[PDB]
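Colleague: All chains should be built: construct the whole structure from the sequences, respecting the hints.
Chain residues, written in single-letter form:
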Amino acid sequence: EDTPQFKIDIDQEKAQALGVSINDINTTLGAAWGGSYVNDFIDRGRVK
Amino acid sequence: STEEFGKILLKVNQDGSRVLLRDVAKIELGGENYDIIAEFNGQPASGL
Amino acid sequence: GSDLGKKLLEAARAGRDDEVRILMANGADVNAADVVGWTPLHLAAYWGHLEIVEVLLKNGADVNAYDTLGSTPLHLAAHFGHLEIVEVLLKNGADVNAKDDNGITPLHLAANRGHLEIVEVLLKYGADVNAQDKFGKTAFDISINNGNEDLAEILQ
Ligand code: NA
Numbered sequence: 003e004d005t006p007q008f009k010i011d012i013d014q015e016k017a018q019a020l021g022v023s024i025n026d027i028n029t030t031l032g033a034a035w036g037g038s039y040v041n042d043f044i045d046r047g048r049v050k
Numbered sequence: 384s385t386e387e388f389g390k391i392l393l394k395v396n397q398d399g400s401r402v403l404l405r406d407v408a409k410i411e412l413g414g415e416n417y418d419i420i421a422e423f424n425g426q427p428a429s430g431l
Numbered sequence: 025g026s027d028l029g030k031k032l033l034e035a036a037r038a039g040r041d042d043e044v045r046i047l048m049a050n051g052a053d054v055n056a057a058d059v060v061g062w063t064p065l066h067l068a069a070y071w072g073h074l075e076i077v078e079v080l081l082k083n084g085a086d087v088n089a090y091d092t093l094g095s096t097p098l099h100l101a102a103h104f105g106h107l108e109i110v111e112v113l114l115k116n117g118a119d120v121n122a123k124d125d126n127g128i129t130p131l132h133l134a135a136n137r138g139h140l141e142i143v144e145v146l147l148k149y150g151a152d153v154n155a156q157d158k159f160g161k162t163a164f165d166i167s168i169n170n171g172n173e174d175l176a177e178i179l180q
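Top line first, the protein sequences correspond to chains A, B and C. So the mapping is simple: this note's numbering equals the position in the first sequence, first residue as 1, plus 2. So the mapping is simple: this note's numbering equals the position in the second sequence, first residue as 1, plus 383. So the mapping is simple: this note's numbering equals the position in the third sequence, first residue as 1, plus 24.
If you're looking for bench data, these hints aren't it; they were derived computationally from the structure. No residue lacks a Cβ here, since even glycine has one placed at the ideal position from N, Cα and C. Please note: incorrect hints may appear among the correct ones.
Said to hold, decoys possible - Computed list of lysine to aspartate or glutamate pairs in EDC-like fashion (alpha-carbon distance at most 16 Å, straight line): (1) A:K16 <-> A:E3; (2) B:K394 <-> B:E411; (3) C:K82 <-> C:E111; (4) B:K390 <-> A:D13; (5) A:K9 <-> C:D124; (6) C:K158 <-> A:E15; (7) C:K30 <-> C:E43; (8) B:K394 <-> A:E15.
What the hints assert, rightly or not - Every beta carbon over 10 Å from chain B, so not counted as near; a handful from chain C, in silico: (9) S26; (10) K31; (11) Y70; (12) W71; (13) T92; (14) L140; (15) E141; (16) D157; (17) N169.
Modeller: This is the structure we're talking about:
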């Protein structure tokens with residue numbers, strides 16, 4: 003069934019007025035709240 | 384919708400007036416391409 | 025939150041008029057709220073269930089109940105184009121100039137979705153046409169940005 007969800011609207015005019023890129027806004031929100039797969043490291047001979 | 388693409392904010396001028404995408408372009412629901420035009424017994428048609 | 029409170033939230037949402045009737049008779053909490061602060065009236069207003077909006081207000085539902093972000097049933101009804109529910113809420117004393125945490129009013133929301141009939145009703149019950157949100161935007165600013173010619177002419 004449909005469930006409550008948190009709609010957030012980015013004001014494009016306010017972002018442009020303060021000199022804040024939408025990429026930086028969407029990355030900050032996504033990375034922090036959603037998580038972001040950056041790249042791989044090698045843990046005891048295994049790529050992770 | 385065309386209306387939503389129309390109100391895309393390209394920039395805000397020095398005096399605070401907004402330049403929207405509809406101010407620099409006509410926005411319509413049109414074909415991916417305009418190469419193929421089909422008629423069936425003279426009248427407008429599409430087909431597979 | 026009670027057993028019947030949860031049952032009423034689900035029934036108000038689903039539009040099950042006959043089940044709401046039975047729950048009103050057994051004294052199901054009309055001020056019952058879920059985790060986001062939505063009452064049965066909020067839910068009925070959102071999903072557009074007129075009969076249940078009327079029944080809940082008869083049974084002493086808070087017409088100006090607000091969720092955890094300051095949104096009222098009139099906000100929801102105005103935003104989703106439910107004209108009849110907007111009229112009923114306003115007749116039962118809904119704050120026509122109710123501001124959520126963003127400074128957004130029923131007039132702002134109705135203007136945004138181009139609900140002309142609802143805008144006229146809100147203005148008739150004395151909606152503040154000069155009311156600004158957190159970005160200093162009026163219902164008129166929304167009408168010209170959306171390019172709504174009819175709406176822009178009414179918000180003169
Ligand atoms: Na982006």
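Colleague: All hints, please: hold or fail.
Modeller: Here is what the structure says about each hint:
1. A distance of roughly 35 Å separates the Cα atoms of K16 of chain A and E3 of chain A; the hinted pair therefore is violated under the 16 Å criterion.
2. For the hint pairing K394 of chain B with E411 of chain B, the CA-to-CA distance comes to about 21 Å; that exceeds 16 Å, so the pair is violated.
3. Taking the CA atoms of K82 of chain C and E111 of chain C, the gap is about 15 Å. The hint holds against a cut of 16 Å.
4. For the hint linking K390 of chain B to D13 of chain A, the alpha-carbon distance of about 12 Å falls within 16 Å, and the restraint holds.
5. Annotation: proposed proximity of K9 of chain A to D124 of chain C holds, straight-line Cα distance about 14 Å (limit 16 Å).
6. Proximity of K158 of chain C to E15 of chain A is assessed by CA-CA distance (about 13 Å); at most 16 Å being required, the pair is judged to hold.
7. Pair hint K30 of chain C plus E43 of chain C holds up; C-alpha atoms about 13 Å apart against a cutoff of 16 Å.
8. Annotation: proposed proximity of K394 of chain B to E15 of chain A holds, straight-line Cα distance about 8 Å (limit 16 Å).
9. The claim that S26 of chain C is not at the interface with chain B holds, since no C-beta of that chain comes within 10 Å of its own (minimum 43 Å).
10. Taking the minimum C-beta to C-beta distance to chain B, about 39 Å, the non-interface status of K31 of chain C holds against the 10 Å cut.
11. The claim that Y70 of chain C lies off the interface holds: its Cβ sits roughly 23 Å from the closest Cβ of chain B, which is beyond the 10 Å cut-off.
12. Look at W71 of chain C: its CB is around 24 Å from the nearest CB on chain B, clear of 10 Å, so calling it non-interface holds up.
13. At the 10 Å boundary, the C-beta of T92 of chain C stays outside the reach of chain B, the nearest C-beta of that chain being 28 Å off.
14. No beta-carbon of chain B comes within 10 Å of the beta-carbon of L140 of chain C; the shortest separation is about 15 Å.
15. With a least beta-carbon separation of about 19 Å from chain B, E141 of chain C lies farther than 10 Å from that chain, consistent with its non-interface assignment.
16. At roughly 16 Å from the closest C-beta of chain B, the C-beta of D157 of chain C stays outside 10 Å, upholding its exclusion from the interface.
17. Here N169 of chain C does not stay apart from chain B, with its beta-carbon only about 6 Å from theirs, under the 10 Å limit.
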